[PDB]
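Undergrad: Below are the chains, spelled out letter by letter.
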Amino acid sequence: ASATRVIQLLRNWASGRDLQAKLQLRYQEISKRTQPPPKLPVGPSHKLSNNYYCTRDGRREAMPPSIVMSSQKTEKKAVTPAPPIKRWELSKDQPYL
Amino acid sequence: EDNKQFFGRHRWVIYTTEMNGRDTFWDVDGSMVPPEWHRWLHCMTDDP
Amino acid sequence: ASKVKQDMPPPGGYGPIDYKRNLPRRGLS
Amino acid sequence: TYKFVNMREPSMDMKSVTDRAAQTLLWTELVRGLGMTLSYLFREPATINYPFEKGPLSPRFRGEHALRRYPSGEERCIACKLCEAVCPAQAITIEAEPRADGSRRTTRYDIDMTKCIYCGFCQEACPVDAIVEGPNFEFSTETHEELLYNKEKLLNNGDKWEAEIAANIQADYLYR
Amino acid sequence: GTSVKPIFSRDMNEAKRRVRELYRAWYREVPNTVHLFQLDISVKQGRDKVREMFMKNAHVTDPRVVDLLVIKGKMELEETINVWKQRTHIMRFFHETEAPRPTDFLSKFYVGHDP
Amino acid sequence: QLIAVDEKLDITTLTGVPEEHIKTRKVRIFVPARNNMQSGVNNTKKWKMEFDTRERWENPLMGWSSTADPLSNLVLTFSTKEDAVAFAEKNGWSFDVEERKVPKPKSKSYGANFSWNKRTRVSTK
Amino acid sequence: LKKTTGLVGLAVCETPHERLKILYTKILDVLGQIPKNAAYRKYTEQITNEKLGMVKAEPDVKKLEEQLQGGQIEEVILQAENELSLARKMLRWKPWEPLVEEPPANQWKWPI
Amino acid sequence: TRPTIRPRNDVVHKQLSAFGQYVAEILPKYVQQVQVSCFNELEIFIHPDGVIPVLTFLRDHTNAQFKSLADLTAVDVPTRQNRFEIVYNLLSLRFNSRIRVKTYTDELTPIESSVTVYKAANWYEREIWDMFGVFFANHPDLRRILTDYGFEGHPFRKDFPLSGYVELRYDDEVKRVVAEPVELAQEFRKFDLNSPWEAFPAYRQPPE
Amino acid sequence: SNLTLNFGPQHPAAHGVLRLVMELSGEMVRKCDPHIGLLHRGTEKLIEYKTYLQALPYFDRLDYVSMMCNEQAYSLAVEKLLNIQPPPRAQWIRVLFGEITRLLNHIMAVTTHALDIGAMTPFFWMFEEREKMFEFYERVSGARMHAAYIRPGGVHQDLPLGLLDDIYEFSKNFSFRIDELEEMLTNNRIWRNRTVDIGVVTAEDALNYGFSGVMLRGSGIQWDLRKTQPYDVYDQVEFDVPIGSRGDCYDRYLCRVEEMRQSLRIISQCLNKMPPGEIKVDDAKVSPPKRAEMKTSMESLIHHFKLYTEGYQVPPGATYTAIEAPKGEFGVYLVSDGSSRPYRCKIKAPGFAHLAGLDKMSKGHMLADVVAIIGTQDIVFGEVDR
Amino acid sequence: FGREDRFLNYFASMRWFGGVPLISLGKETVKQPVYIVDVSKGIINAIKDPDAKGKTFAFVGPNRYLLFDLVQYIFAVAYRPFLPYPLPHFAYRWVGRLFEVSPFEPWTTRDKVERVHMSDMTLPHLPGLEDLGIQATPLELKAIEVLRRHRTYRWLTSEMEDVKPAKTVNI
Ligand SMILES: COC1=C(OC)C(=O)C(CC=C(C)C)=C(C)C1=O
Ligand code: SF4
Ligand code: SF4
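Chains as they are written, first to last, in my numbering: chain E, 1 to 97; chain S, 1 to 48; chain G, 1 to 29; chain A, 1 to 176; chain Y, 1 to 115; chain Z, 1 to 125; chain L, 1 to 112; chain H, 1 to 208; chain P, 1 to 386; chain W, 1 to 171.
This is chain E alone, in the form it adopts within the complex:
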């Protein structure tokens, strides 16, 4: 910024922090508006052989849902939809704000 040093001191005393270190306005550290051209690699299916589509066809591996207990058609331990969720841990970085 172009502010005089007295105004910088007044700003830093009023805010309580050094404002000149982290300015809202960006001056010259941003990227140039003209950039060199890119190259952009291709991908994993760009091989010349051993690349038949039937071996990499995700849509064709979808199938109708599995049927359990159609109505038309002992040990027996109880079950849950999934194992119980494990209790969260308390933030080794900063547990309390």
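No lab work stands behind these hints: they were computed from the structure. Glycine residues also receive a C-beta, built at the ideal position from the N, C-alpha and C atoms. Check before you lean on any hint, since a few could be wrong.
Just so you have them, the derived chain A footprint on chain S, three or more residues with Cβ under 8 angstroms [what the hints assert, rightly or not]:
1) 3-11
2) 15-24
3) 27-33
Please build the complex by placing chains S, G, A, Y, Z, L, H, P and W with the ligands on the supplied structure of chain E, with the hints as guidance.
TA: Then chains S, G, A, Y, Z, L, H, P and W with the ligands, alone, in the frame of chain E:
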């Protein structure tokens, strides 16, 4: 241009006072910029 | 057929970024 | 992993109690807020001087539509109607027939700009780079009818803005 | 048997009783609607319009359909009483800006192709 | 318990459809004909219900195509003819049903291309 | 001993072992009126018996919370109350009876 | 097979299948079917009469604890004798799981309101009533939520036209907003997109 | 009788188009009746009339404060129904822009909440940061907010060559702006008076009413979809979930500020770990080929033609896919009949359930308290009305 | 007469002077006012009528009123106190002269005063609104939509069937 100003105020245009037929001393609008200077002024490129 | 050029982080990495709250005490008793 | 935001307990010693009493009776945190506003008062504002100064844009910006030509002057559009098929707003209307020289060209190319959502799907779908979203965004009108573009208006836009459109396409086509 | 379950009414008698209660409520409400919405119509016009709406669905012979119609009518009455409707909503029943369309064959032949 | 209604299903009073678009409409229930430009048959499996075509006119300002009937784009899909008939009946629409057209089985013989005494022998391959 | 369970509206329970014992005994009493061959009765009796057994075998609340894997024993008490209410409702409903009114022929056929 | 294809998880598939069998065993009176999709989603198809019991079980059971109703909506399939398909999506935070419960109804059959089980249902059912015309019995306050006041019809039905039957404008003679039959300067253009060649052999239907 | 008042739709504190019919005794609020549908555009039927690619821009306009998050949720649902997998670089870009979008949304929510309560300055301070993030959006997609950038194959385009540096430059300074906003609000006694113990909701009531996101976390419920049900690469980043203890407006405000800080943390991690490679799935029957290939090879041109005219077919089936959007759980129930157009698409908006609980939350409060409670629920009516 | 007319509004606005000056107390003037929508519909139907090429029409309302009774009804619909007093013709002409001097739209003019006091002609030989398919709307069904604006807050909600329609000198 003035590269010491922050981004957005570092480039500007002073419009002409007389475009095709109308007096533009007071009435100016952003559509008076031709496309090449339009590309430069909106920072879509660095080269004027 | 030059080297692949893509938008990538610089060699090594970026500098650390502050995110924690910073409210100094800044007062008399 | 989780953290608490509001689970602290103040100190109950005479020093802390008197500090809290002073804060209550002398308005310390309000003074801190006033100091923050005073600090913002002496900073340079972020306002730009429109229209003499403009907001920053990129070559990818989607704006007013245009129809383009080959360097010979021949139109690029060959009336495949891919843009018409893909348009999410049904904003494009195309009619075509064989030209006098046997060419495949349009007799009608309409874009309703009050239907359009400016998504740029038409320019992605186009196989010859005929229809583009230009860089212009200052084209407000006084009537609804001026925003119903026909082929003549779009060709005029292309001839008007090609000098910038070609440079913008040059900067981004390697990403496409 | 056809094995169908009711909504509220068991047969057409209870359905007719509910219809009569709804009609009584609408008939009572009409003058308040004329006053509150500041309508330029008369109370007689509003009650005739109420009567007309009921007559339209008079032909229905199914108690479930009658029950659903009564539910919809109660919803409409609730909208009117609480002034959730505006003046335009109330006046939409009268079709004041729609030009009349003749039902005779000659008039339809002259204007267009629609039957 | 149950009430045992003995009436015919009729929901026209509850659908919100204007009277004109109930009594004056004719719906067609049919299996769509295969597009003759292609050999695929996957578009000839389901039953379709569609409405009778009404007037279209040119827009004065841009010459666009303008319509006044709201059912010009309504097309319904059904598994069987009976399902479409039931839907049309309960919605009060009068309908025309066309029976499904299935190509008849044919007798193909590659050897017949080279018959000793029949007209089926081909003069070119 | 513990304060502020951490969930708004959930108060801290003193003497939770006794409360859990009462709740599990009530659940078992209610389940005793359901037919023996019903699946709900046997499944609920099994799980409730495991929970009661682990309750009677641990006097420390933190370790009991760890063993039950139920998330903060106050929520265990709440879940026990919910289970007792559900058991009463199911006794009223009797959902172990055979299926009523098989669906139409192609009710669940997709696509179309 | 590796890079472009979504990987599948078999542990979750087995667990969801076991829990579906569990629910079907506990409630044979209402459960008509149980399915596990191949992207690991579990659905339970029930008779309508069991809307309240089943949900209650899933909400309060110790082993289920599905205490959050994520969504409740309807699907309209005109080719079915029971037109409307009612779908409940439930989430269990205790077991970090999701379940789907499905039932059916027609235009004239009420479905019991589930507001007593989940408060969140209150608005959802209203929306279902507004968009599809399905009535919910014992609803505390059932009325339109999304449509304009006095709107006629249920727009989310398949036979309801896309642009509707009426349109609004301002009339200066009566000095107010009025409604008139729809007239479109440009008719919406119907596209016929389906390919005449079959895409997915795994879903082929028998030729009847 | 009580006085009946129309709060909105033409009201500064109505957050757009909302007709709050209030029954009041003096300024005590006896009853709140929210009337919605003033922004109901019939999105779901329109989607029924589009291909899967054509329907994507509707999700930009559902929650027009968090666009790329809705794009991500819809793309994930379509990917699940397609049985395909986005490439790693696309997923990292998705998470980075999702966190940037969360920053945008939280700025909007907190600043407009303060504006409604009566503090106007932080709005102005933070909307410059919003404008810089809009510039990031435009540089990646050409549009400031309705990007249509995240698609069921990954992302439309790769990053421009200088974008990561500018994102890093913004991120290394955003924490001081958060600090200034906190200095304005957090310890102010007027702010605490207007927020503390206002709109208290219990954990059980929050669960039964269908709440999600911060509306749960403020009441102590330890739930977050990025931690319990991660979707793209959220299992490879480290962050904390802020939890409240009072269930009031003040705790939710603190939670949102802390979530902004955690978003900065995640953005740092995403910037450091961006991998190389392609940005959409290498499967031309789903993702369109590159322009150079489309103008060179027959198969590429055929697939481009078919993907832009008819669109890809999706195998039949139904999914419910949910994400931790900045406003809570955002979900899609998507049904496919096997064709290129979805049969049914139900959108689940957290604001729907949150606004449905407004009457419960306002019991025993005043008009200004109800304004604060409206602000604390973080409501946008594009997603509520759909 | 209509919402933006100079007939009902003109008489309603005369309450600002406290009393209504009427030449001969308005007892020797007969009026046959016609509704605005009837006139507009008649113009439209004349456009669409092939037989109306060189015809001369007379658009009048269904009832004829003495001026005193019409003004009394106008003041009753507006719920304003009616204080009619007789003014000589030359004095009213002087008032019109005085008001004509306005550089803006005059409140009244001498010509306007003359027209107000002149009886409506009867021309039975000319065709009318009924010959164009229009049933003339009486003033009794449309006065409230014009005169409700001229009421105070106390009388704003009064319904249209309250104000006892005025007497007509018909045949
Ligand atoms: C400070 O002045 C302003 C307002 O007045 C308080 C506004 O309402 C608004 C609109 C935003 C609110 C949420 C209504 C804006 C943008 C504004 O700048
Ligand atoms: S930008 Fe999008 S909406 Fe506009 S014309 Fe192109 S495809 Fe259609
Ligand atoms: S503009 Fe392009 S996509 Fe559209 S019809 Fe012309 S060539 Fe085809």
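Undergrad: Now, for every hint given, state plainly whether the structure supports it.
TA: Evaluation of the provided hints:
no., hint, result
1, 3-11, "holds (count 5)"
2, 15-24, "violated (count 1)"
3, 27-33, "holds (count 4)"
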